[PDB]
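Of the protein chains in this complex, all but one are displayed in their positions.
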Amino acid sequence: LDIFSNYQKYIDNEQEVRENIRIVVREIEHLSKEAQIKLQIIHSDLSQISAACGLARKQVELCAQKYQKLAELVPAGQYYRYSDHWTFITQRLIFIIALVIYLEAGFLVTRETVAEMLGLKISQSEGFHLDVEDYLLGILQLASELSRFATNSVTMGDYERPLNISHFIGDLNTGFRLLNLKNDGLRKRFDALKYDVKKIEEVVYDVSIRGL
Amino acid sequence: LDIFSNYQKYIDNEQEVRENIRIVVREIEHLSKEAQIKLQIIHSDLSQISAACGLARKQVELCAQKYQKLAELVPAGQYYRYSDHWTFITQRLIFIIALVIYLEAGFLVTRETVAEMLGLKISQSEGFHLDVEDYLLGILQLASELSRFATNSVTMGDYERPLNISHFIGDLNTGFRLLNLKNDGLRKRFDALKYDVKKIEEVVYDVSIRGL
Amino acid sequence: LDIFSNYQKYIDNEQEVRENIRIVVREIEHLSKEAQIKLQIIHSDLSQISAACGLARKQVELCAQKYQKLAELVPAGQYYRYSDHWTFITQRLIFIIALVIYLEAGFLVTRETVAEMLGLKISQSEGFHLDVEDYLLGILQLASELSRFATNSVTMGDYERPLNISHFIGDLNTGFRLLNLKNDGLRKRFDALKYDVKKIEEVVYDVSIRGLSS
Amino acid sequence: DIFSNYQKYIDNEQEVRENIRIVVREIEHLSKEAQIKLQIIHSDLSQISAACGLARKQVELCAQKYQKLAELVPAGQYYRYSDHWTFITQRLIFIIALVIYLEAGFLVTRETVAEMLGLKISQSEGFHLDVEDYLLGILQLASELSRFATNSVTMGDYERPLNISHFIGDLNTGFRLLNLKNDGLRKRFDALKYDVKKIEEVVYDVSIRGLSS
Amino acid sequence: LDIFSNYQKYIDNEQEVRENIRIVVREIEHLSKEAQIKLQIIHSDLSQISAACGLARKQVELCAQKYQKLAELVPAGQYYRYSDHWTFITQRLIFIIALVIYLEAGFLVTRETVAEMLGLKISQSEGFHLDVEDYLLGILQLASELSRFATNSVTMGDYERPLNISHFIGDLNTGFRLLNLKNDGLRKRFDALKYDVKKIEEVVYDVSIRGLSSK
Amino acid sequence: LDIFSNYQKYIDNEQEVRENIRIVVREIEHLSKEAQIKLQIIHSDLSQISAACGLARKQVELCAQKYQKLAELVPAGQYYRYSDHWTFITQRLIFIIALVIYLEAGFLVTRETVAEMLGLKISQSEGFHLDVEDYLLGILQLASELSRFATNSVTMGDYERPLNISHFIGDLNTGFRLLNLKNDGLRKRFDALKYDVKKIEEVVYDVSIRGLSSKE
Amino acid sequence: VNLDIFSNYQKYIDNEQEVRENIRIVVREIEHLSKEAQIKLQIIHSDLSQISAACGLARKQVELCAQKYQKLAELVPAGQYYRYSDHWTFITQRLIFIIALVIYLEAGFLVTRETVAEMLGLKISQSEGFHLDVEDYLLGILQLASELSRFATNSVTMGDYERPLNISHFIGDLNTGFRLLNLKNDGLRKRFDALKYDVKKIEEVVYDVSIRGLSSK
Partner (left out) sequence: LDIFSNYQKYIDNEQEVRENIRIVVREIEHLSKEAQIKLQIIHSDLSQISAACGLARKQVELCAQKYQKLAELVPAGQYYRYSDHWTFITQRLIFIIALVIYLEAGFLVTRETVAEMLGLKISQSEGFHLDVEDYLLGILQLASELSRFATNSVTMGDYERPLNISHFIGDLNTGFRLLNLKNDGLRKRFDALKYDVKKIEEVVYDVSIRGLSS
């Protein structure tokens, strides 16, 4: 029965560390929102793109900071014990950088760069790292955004934007079958990529079928 | 044993006030129907819009009255004890005003104005107020209506109506991520907003891709 | 869009008050546990009853205090806006008093006395009151406890305990039909009272069918 | 190429999984054996010590396969693959807690469980026994010991129930002495009162017919 | 589209008659409660039986009246169109009479007598009748009550009460297999009769196993 | 105990009449299927419509017959005692006529005509009648069919079919709000009418949104 | 681009889809017969006297099923057993349970697989012809648990206080032979696992009897 008092001394600690961690993550959900809202502008005002990439980078330079405090909360080797506390809001952010990197310089941001921009490592040995599964589920979110971008881009006159997209999403669908995912929780999300490529193909059809 | 007779004296009262309250609410459901049916006309006859906004305002000027009687039934400080009796049929009506405000003057009706048109306060201190969570869930119903409007509007020739919508729904999706809802009963209903914006984007595509 | 910034200024407040309120309630769940665990002793050691009623009262004298702080967190007229935060852990506690009142003095604690022991009122006009629906759902929990008590009491030799119970639960089933509940969330919990009375009848059978007395 | 590097790592996590299910499958197999043999106690009270024995021959084996499981899991990745065995460990923690009760009439310590399976008691020291898993294990003792109390009276032993309702009695005690917050385990503690229910009922049935051996 | 206005003129009438009918039935639910609460006394005070049969008969004499008003609401030949509005609260009452008839005179109340005490007919030709399926489902409720009675009766000293019950419930289980119900909504309720006879047998066991019938 | 023997003499009768009635209804489910399967053709071969309306009418002329035998099984004034035995497979058939009436002559079949084609009355006084609630729940089934018809019609080239539909389903949605159903078992089925009108609107969109090009 | 290739296709595709409706037709007659036996055997839960009477009717049912079964064999082309197997793997479990019940009611032991085929006019190997799928046989006499737990319960209702004890040795040896297995997790592994909950109340019922129960001067 003292056995159960020792239990409370440990159980208070794990449950205190959780509310402390949700607290940091809540600040990161808050920062993420800001970037995503601002980047929404790109579906109606193509001129504000670079303007908006900018704000979003002001957001990311901040996120890194709160992330580093998240590391001071997690005890070493316990990464995956509390992982589910941020695996989401990191995908939410990996998608945000991958978009901004495509908008700016028209290629696909490396995993390594993402960690560079958020103050992580690229192996859990070196410290608080970027879960490689999280990274992927992030830049998979690029499909749903870039199919809406292709549609909204033709709305605003830019008739080249679709073709350039279907080569990016084209090489992106390429690298996901070049995989060989086995049926897990992520296999499901890759399978819904074909429907995004679907309307991106359709949109490239619509342009060069009217010579627009 | 008398303890249980006193119980009946109070238990008759709460259950009498309930049937009295359903009675008022039923009259308000009835009035709401009328407005919603008449505003349905906008999906087939663009000329009857102002005509239909009109009938609906005749409906609202009435609802306020029944609403004030609902206040004479509810004992002070018991607002949320019977709240569930009308939280629905108020969202049903908040949507009706927000639609009529958009149709007429092309902007988004304030929460304060909604109470002004129904004879409520804007704080439960001042009296029978408009639950701020109810207001929100009301003007979220605007998405499902205005996506159908955008579709039915092009059916009837008006090719500008979509573009104007996707800026309204555009600034509306903006203010909902500018939030940071935590996963409750309303978080679910905001998430199904992206699918409405989906076909509103698609429709703005359809117009300026054939130029009409 | 400023409209949505004002929104955050209010929305932070309602959601701050919630975590502040769960915090108080959590302290009350903690105190409640203590009382309920200690009163579990009555199912194996009939000698520790008064001893255990005592500990539980030390628990209640404390609960009242945290309850009064809960009142300083709730803004007037908003009782039922956050009611669901404690309607449970009050039934949990109304049952605890009704049990301790039955164990000690063999009758049924008044609603008014329950509020007197927790520093509440008996009307939401006067202030932070004891929700009369909560009170009932509490002393309905007495059935499941006192059926187990009647069973465990015969285990330990006391052959009068069942008969005395079936007159308490007897007059208690009486007052609940003397009602006329209409089918809500509480109508369901009254209906599962007949199954408690069931084994309490059965236990009174078992004793005076073997002329068992002590 | 970014997506080819991806395959080189993605093959590894998915190879380690099938390698880990493989070890676990061997541990499910061993577990069954012990549980089946301990089923005997519901019909032949004489085979108890006999059956505790076979079960211990099973446990001495499980530890071994467990230590190989540790050579498969990379350090600090404990909880990345935890869900692969959190079940089949509760399955086994229940198996020892039963055998410890059958033999020596008290409740096996968490520390001893690890001692019998070659684990640590902290994830710092290495592959440890997840303290949440341990609990969910010795909660499985209620469903077994209520059936034991019932089947025990069937076979004549009229003291067995009373001794159970003090074990399950002190066990229900330590679970309210907790203060679980509503998670996945809170749900399983709540269904403990229905097990104590029929264990009380059975202690009633014996000493209400004055039954004593 | 006038076609749909005519529709409203009829649809208001059926839905008005329903609220009018629930209104009568609600009064009958109210009266039924009274009887059933008062007859509950027999489980703790064997002396108040005849006293309680009495109050219950005061309730039935009343129910008949409201019933006859229910007949003035139901248009002829529409009996089964609104049947589901009272098939319950009639079983609730058929059980109440069958109990009072058993308590008083120790036999089983005829279907014909039940209608006589409620002002109905015994064929839907003659008018508002007592649905024979409803009657049965009523005096099937006798099992759950008289098994609790047998149990509570021994509690209070009356050691003959069980034996007398197991011959009533005995002849009752007899007439239900003498049937040949085909699997419907009522077949299910007859099957749960065996569990009532179960403890009624058990209770007759418990008495004459400690020698409590005078002999 | 004889009281319970008399009971069996009656209880055999109600339960015999039930199997006799399910027997008639089973023959009517069978005939119904035939009509509905043949009318499915309209979703792929617009030329077989009149051909298929025909087969379906050969089915209905038959159903009436079995229906009249169902009347000889039901004792007068017991209509609603066994109603639940066919309230379904009549909605199944009321939808079948309403579809064939729309396909042929482009308007909405009267309740009175439905009874005329099945040998019923229009009041339970006159005899075995067509339950007016059943009639409604039938021609509500028209929505799910005619939305799929509008979609499959554009597939096959007929670009006028949708517009004509959205005026039929348009006036049909009109008469259902012109109601004032109170929340029962049928209120639920009317509410799921808006989702059928939804895609029918969408389809009319898709047609008249595909006009011309530049001309240079 | 040839198009006759797709006409030949119709000539074969009409045949497999005709044989299916022909096969459902036979199976429908067998579902019909099965019902009869199961309904009549339901009587045992309320009238212990009608057992032998009811075993009888059910055997009149099985003597008939065999016949329709042999016609089902004339519809299935050799070596295509498992191509249409899913058309009857259910309604055979339905019947394997019916025999295993009647064999237990009658002579108190467990019917052999070989005997089941003997009573239905099958073989015991798909070489010899239309056989009794061994997986089907098992899934049948697993249905015995749900029936015999309800029987033990309904038996004590009607006075027979030995019936439970006799059941818990049959179900006892039956639970024995199922762990003596080593099923790997498939579609049948799931159905064996729900056997412990049937043994549960059968143990409970043997408890209830020999716990009642008295020790007087």
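Every chain is named by a letter (A, B, C, D, E, F and G) in the order it is written, and numbering of its residues begins at 1.
To be clear about the criterion, contacts are C-beta pairs under 8 Å (C-beta built on N, C-alpha and C of every residue); 3 or more make two chains touch, one makes a residue touch a chain.
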item: Chain A residues that touch the omitted chain in the full complex; value: 163, 166-167, 170, 173-174, 177-178, 180, 198, 201-202, 204-205, 208-211
item: Chain F residues that touch the omitted chain in the full complex; value: 44, 152, 155, 213
item: Residues in chain G touching the chain absent from view; value: 1-3, 5-7, 9-10, 12-14, 16-18, 20-21, 79-83, 85, 112-113, 126-127, 134-135, 138, 173, 176-178, 180-184, 186
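In the analysis below, only the chains that are shown with their structure count from here on.
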item: Centroid spacing, where centroids are CA-atom means, of chain B and chain D in whole angstrom; value: 54
item: Distance between the centres, which are taken as Cα means, of chain F and chain D, whole angstrom; value: 60
item: For chain A, residues contacting two or more additional chains; value: 210
